[PDB]
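Only one chain is shown below, in structure tokens, and it's the form deposited without phosphocholine (PC).
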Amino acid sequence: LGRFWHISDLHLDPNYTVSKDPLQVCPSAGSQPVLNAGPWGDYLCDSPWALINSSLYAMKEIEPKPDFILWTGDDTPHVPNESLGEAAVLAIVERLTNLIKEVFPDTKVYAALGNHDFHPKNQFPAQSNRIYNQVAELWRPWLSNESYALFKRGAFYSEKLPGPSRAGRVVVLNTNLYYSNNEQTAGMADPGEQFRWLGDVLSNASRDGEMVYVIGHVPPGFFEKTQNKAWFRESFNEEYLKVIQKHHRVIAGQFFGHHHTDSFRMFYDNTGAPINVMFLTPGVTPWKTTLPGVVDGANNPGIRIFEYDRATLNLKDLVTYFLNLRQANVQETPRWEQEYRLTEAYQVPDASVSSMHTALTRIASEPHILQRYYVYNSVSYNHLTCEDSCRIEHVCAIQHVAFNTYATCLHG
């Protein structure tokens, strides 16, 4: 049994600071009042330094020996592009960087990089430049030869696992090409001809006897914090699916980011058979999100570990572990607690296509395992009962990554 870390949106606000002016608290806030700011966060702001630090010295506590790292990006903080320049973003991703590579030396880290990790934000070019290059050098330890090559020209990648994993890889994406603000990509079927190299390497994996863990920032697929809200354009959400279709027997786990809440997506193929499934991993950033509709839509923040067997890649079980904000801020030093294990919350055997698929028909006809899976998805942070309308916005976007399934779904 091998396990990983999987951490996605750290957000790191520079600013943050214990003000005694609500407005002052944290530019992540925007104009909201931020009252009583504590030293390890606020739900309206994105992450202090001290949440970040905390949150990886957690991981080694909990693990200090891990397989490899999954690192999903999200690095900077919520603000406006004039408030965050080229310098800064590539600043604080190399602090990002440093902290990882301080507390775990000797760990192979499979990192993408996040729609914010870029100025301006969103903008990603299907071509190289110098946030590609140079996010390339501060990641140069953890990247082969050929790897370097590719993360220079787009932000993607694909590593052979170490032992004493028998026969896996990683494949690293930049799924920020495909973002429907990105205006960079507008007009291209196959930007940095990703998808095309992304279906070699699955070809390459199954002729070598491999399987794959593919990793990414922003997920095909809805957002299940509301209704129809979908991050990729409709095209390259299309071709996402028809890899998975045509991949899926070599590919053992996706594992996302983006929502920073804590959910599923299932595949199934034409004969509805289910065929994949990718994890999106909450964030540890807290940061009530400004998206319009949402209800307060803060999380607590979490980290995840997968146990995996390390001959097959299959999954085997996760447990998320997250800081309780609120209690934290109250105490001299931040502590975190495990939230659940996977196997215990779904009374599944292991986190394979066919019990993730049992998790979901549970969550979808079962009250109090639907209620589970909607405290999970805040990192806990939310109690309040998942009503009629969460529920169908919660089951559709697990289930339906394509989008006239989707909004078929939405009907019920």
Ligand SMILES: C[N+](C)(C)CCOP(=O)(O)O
Second form
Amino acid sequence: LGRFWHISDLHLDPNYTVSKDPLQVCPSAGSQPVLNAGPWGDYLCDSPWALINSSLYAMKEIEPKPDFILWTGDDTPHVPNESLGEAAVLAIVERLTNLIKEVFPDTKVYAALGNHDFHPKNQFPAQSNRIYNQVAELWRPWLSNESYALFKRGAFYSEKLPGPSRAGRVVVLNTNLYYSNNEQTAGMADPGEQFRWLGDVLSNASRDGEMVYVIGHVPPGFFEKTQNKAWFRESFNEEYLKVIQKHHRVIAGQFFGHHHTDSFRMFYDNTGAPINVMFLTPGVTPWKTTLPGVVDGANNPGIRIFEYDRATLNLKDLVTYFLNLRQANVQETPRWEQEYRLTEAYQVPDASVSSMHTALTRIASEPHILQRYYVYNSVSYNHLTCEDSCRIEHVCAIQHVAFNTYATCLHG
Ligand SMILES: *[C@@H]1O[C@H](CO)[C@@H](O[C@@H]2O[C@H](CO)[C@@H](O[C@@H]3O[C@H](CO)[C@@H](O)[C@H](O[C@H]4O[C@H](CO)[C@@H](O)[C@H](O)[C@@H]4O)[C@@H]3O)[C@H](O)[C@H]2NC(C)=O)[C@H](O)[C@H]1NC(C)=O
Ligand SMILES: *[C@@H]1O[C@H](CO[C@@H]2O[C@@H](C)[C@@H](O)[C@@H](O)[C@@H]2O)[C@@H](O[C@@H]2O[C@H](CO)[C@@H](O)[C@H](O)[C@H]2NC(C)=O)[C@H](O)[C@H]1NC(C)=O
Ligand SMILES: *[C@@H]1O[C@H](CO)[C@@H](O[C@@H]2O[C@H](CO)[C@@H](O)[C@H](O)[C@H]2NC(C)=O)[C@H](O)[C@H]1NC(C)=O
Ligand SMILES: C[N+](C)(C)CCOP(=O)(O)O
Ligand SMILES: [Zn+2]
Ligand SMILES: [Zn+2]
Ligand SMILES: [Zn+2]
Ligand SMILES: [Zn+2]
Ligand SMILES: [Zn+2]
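Since the structure above is the form deposited without phosphocholine (PC), I would like to see how the form solved in complex with phosphocholine (PC) looks, so please show that one next.
Every component of the complex follows; first up is the chain already shown.
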């Protein structure tokens, strides 16, 4: 039984300062007053370094020798582009990279860029550029010669897993190419040929008897905290689904971030069979989202460990740990605690597709499992009751990655 960490959406705010002026605590809060800010963060702000540093040392205390770490990006604060130039973006990525290397010096890391890990934000090109080149240098100790060259061209690559994993591979995607807000890829059907490449990698995995973990930042499908919000342009969403439907047999897991909340996505084939599951891990940043329509969209800082079978990559469980930020900010040292273990929360034997399908059916039919899922969705920040509209937004998002079936579900 192996273990790996999945961390995402650290979002450092470099200028976080405990101040008596509520409007000069953190630029990531915009114009919002930040009253009595604490040293470990505030729900209106992106992460101070002290929170990020806390999260990495909490990982080391919980499991200092993971088989590997998945890191799915988004390192910089939610501020205007004019406040955050290219040099600062790269310095922030480098600082976080060095922290991970310092705390886990012997651990392989599989790292993807998030949509904020660029200047201007979200404008990821389908060709080489200074950011891809420089990040490739930062992550070179983690990259094969082949992955190094591929990262410079498109910030995507695939790597063998280390022993003792029998026949495993991690595929690292740049799904920021597919974000609707990315004008660099408008009018391109296969930017960087990433979909063609991905299919070839997965065909190779089948030929070679390997199983694959796919990771990336921006997920396909919709955002469970609202209605009708998808990140991918529709054509890219369709193409991603087509890849999963063709190659699901070799995909043992999908691991994404970007939402900052805790959820999962089911994939089905045209016979209704469940064929894959994507796990959306919460963020370390607690930052209350500015997305229109979302009310009180903050979360507690979260980190996640997966348990897996090294021989098959079958996912046996996940444990999510969290920092109760409200409590931590009256304390001398933040102390992270277990939030939940998946098998216990949903009374399923493992984290397989069949088990996650059962979890979904219980979320959709049992009030107390729905509420349990909903509390964990914000990393136990919000304990209010998830009513009917909330229920339908979450169930439809978990169940339907496709645009058209999601929309029909929302008629419910
Ligand atoms: C699916 O599997 C196939 C194998 O069946 C795989 O094809 C292999 O791809 C690798 C990687 O591109 C090829 O190896 C390269 O070969 C070329 C030509 O000999 C070399 O130039 C490369 O080596 C140099 O590259 C750098 C310079 O650009 C140097 O810095 C570096 O140190 C090397 O000196 C590299 O070895 C290999 O030839 C093919 N094999 C076959 C049979 O085609 C394919 O890539 C897989 N598909 C995917 C999407 O991964
Ligand atoms: C955070 O604040 C910096 C300015 O802070 C100063 O420069 C840092 C390098 C560091 O030494 C601090 O202690 C200093 O007090 C912002 O950077 C400036 O942004 C303005 C635009 O508003 C720009 O005109 C300046 O050229 C920038 N300065 C530098 C040195 O680049 C930065 O934007 C703030 N970060 C965020 C996320 O808002
Ligand atoms: C990052 O977090 C670590 C761990 O909490 C801090 O290192 C500890 O600091 C305390 C007090 O200085 C010591 O008692 C411990 O021995 C240190 N190490 C460990 C493993 O606990 C470190 O100071 C933090 N760094 C920053 C910049 O905040
Ligand atoms: C709005 N949101 C926070 C839920 C998703 C966008 O995430 P981010 O890329 O701005 O960090
Ligand atoms: Zn984010
Ligand atoms: Zn954003
Ligand atoms: Zn099939
Ligand atoms: Zn993001
Ligand atoms: Zn507690």
